[PDB]
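K.L.:
For reference, the chains in residue letters:
There are 2 protein chains.
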Amino acid sequence: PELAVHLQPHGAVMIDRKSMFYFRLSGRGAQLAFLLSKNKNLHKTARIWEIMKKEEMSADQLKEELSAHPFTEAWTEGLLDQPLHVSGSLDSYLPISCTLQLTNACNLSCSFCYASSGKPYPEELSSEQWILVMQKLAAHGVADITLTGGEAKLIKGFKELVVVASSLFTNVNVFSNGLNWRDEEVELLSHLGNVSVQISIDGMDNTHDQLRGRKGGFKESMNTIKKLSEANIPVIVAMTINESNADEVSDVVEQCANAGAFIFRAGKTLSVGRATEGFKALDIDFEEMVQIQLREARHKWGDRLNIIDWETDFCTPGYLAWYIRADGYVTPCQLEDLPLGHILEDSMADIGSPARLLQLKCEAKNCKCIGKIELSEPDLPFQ
Amino acid sequence: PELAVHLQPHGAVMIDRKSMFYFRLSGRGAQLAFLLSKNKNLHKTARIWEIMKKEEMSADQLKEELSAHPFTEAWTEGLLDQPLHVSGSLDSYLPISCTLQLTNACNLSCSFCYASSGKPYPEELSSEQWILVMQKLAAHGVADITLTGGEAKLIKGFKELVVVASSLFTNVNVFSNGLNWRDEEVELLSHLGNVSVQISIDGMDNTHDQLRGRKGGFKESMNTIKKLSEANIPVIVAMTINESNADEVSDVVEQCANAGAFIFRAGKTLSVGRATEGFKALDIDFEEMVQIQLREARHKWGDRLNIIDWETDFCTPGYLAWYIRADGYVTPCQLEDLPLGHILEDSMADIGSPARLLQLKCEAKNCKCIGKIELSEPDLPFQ
Ligand SMILES: C[S@@+](CC[C@H](N)C(=O)[O-])C[C@H]1O[C@@H](n2cnc3c(N)ncnc32)[C@H](O)[C@@H]1O
Ligand SMILES: C[S@@+](CC[C@H](N)C(=O)[O-])C[C@H]1O[C@@H](n2cnc3c(N)ncnc32)[C@H](O)[C@@H]1O
Ligand code: SF4
Ligand code: SF4
Ligand code: FES
Ligand code: FES
Ligand SMILES: [Mg+2]
Ligand SMILES: [Mg+2]
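Order-wise, the sequence lines are chains Z and H. If you count by full-length UniProt numbering, then the first sequence holds residues 12 to 322, 330 to 401, one letter each, in order. If you count by full-length UniProt numbering, then the second sequence holds residues 12 to 322, 330 to 401, one letter each, in order.
Among these hints, one or two may not hold up.
The list makes no distinction among identical chains, and a pair is therefore deemed to hold if it is satisfied within one copy or across any two copies.
Taking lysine-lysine pairs in the PhoX-like style, the calculated list, with each CA pair at most 20 angstroms apart, reads [said to hold, decoys possible]:
1. 55 / 170
2. 147 / 230
3. 64 / 167
4. 65 / 167
5. 279 / 386
No wet-lab data here; the hints were simulated from the structure.
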């Protein structure tokens, strides 16, 4: 693991930047973690605690205390032996993960698209501006970046941008419809080494092609999955479910397994953007139909492919993750246009205002997760 | 080494956080460093460069390019194989080293004291406020902290504060007159492991005691040096030269070597604070007298003690190092009361304003280094 401690106004989190697992630290636990990362010795850390805190603590008591949870238990086995990166703020909520909508342009114009993509916004951040943004985010401790759109790789200067992303972040993911991939793009992402690709597949050939409005789209996108996987790029396949494709999940999973994909994830079509027109919620029969196929698929393909459960490493919207639109406005979530601020016009500290987050929590209509967030009781390191 | 890249408005620096050596990166060199830290392979990095830059580059050309300087040469030997910490800003100058004046209180009242120490300021930051400050500095990439005063360890809550400093920074140094050290303070700093102590010794017994106004001060302070060294704490001895002690340098060096000190540094008395009254610049005969003793001392004791040269790891005042006074005002240098800002009232970004730094560069009367600083031509990574 590549561990970091990220400070927040109500407490700190420890993050494994590689897996993006994170763990809410108690104030005491954070202090002990920092000590162990420095002196690397349970006896030394316990004795320091005794001196500074005027409280008895032996190495056995410290070991037993940390053995109370499997993650803190690893701190007694040398997990904290590498330098622990420090980031964040006690005064504002700064993210550990961001999703950057590089452009709203797209070669498709899917009738369900939550982003209403196809045409770019009249003014979008240039690749040079996104490179400025990424330097600011990385210097603030953002560890994980997703590049989306639209079709992200349509942005002029994409190659330089994705190199900057790879260089400045622990993990990069590029979301793509899988169309119009060039050999040197595959090669570039392969060599960069920390870039994954998420490809949308919405059915077998004919259903996918109808839903996406592209005859031959499935075959091209599946070929892209194969080329990426052959170049050792982790591929995540995202299938967005509706009444047309609900019965095709198991067949799609097989195709993805054969193509070498790493992860398969199915999700509902949400009533956002172009999908609002004529929206019908997935009724219960179709939802159960998906679930039985996911279960069957794990029995069959679970060895060769991670098949995600239908509906922590979840970065809480707004508090731990930001979505940055192609026009520069920052929101808690790719589904939400209610802004925290503007990435060029406002300071990082102002964007992460706790008061605004509370306001967005009660006013957001499209991100369903943010309204459900319950902050833990304040428990800060060092008091 | 524990390497970091710190962005500035005119270019980036690579820092070894352990030794505090740093190196101005060219924009190209910074890009190559990040790539090598990620894919860890000269062939992969060269090929990525070819694809993104549309310029030919083989592994041999990359190796030859980096072999042009001994530090970049190590990047072809795996120096960059651990995660590279990113910090800084393209819009303001943020420091990599800070010196925190925890209090202006002191048990002595030396007639030369640049800080005019003895009585605390009427309002000083509490240890709790300093702990808030340290979290902000560490989250902004400050790697190295010095705790000074006054006598820093007089601050209420010193033990908790120095533990926070050790926990949040790669290196901590505590400056002390060497008086009134408790056994558990020595033990605490020993166990923390990344804390050094700088002790002032201004002559042999009688000259030191006269200059410091403390009969028995030399014997007590030398005993502290011995206790600290016996506990494996690196001790730096600082001798501040005047006409009274200039001929005692070699004798002091011997005492410091015998006591186990790590570094000996002699410096001039500067016309700041209480020393302005009756100030006489060290004339040339006394300055040469010091130099001959330093030379003799290195011949004799250079094996057992680092004897610093009379008059990079020098962190440029204001641009790379901040001094934070006990009243919270930030200045470029411990000798200078001209402020960059206030650590509680102003944002980090506002304190490091490039325009204010230029103004301080031309208006500062007491820091002699800042006026001499010449910024290199702008050479930013990623354009
Ligand atoms: C906005 S697309 C951008 C990347 C790329 N153009 C693509 O389609 O894969 C990101 C993901 O959102 C999904 N998506 C689009 N509209 C949606 C909606 N209304 N509800 C749920 N997911 C949706 C897409 O199918 C895709 O998996
Ligand atoms: C301000 S003292 C604070 C720490 C502690 N009280 C001590 O004296 O070591 C830090 C250093 O500055 C030195 N110093 C004080 N006044 C000075 C002056 N006018 N010129 C040069 N150094 C000075 C001290 O001797 C000491 O080495
Ligand atoms: S879902 Fe992806 S491919 Fe379809 S219009 Fe939206 S951005 Fe384009
Ligand atoms: S030089 Fe150090 S010991 Fe002397 S008055 Fe100043 S702060 Fe106190
Ligand atoms: S994070 Fe916005 S809906 Fe889940
Ligand atoms: S840094 Fe101020 S005088 Fe040297
Ligand atoms: Mg059908
Ligand atoms: Mg004399």
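K.L.:
Would you mind marking each hint as holding or not holding in the structure?
P.N.:
For each hint, the structure was consulted:
| no. | hint | verdict |
| --- | --- | --- |
| 1 | 55 / 170 | between (49 angstroms within a copy, 15 angstroms between copies) |
| 2 | 147 / 230 | neither (39 angstroms within a copy, 52 angstroms between copies) |
| 3 | 64 / 167 | between (57 angstroms within a copy, 14 angstroms between copies) |
| 4 | 65 / 167 | between (60 angstroms within a copy, 15 angstroms between copies) |
| 5 | 279 / 386 | within (13 angstroms within a copy, 66 angstroms between copies) |
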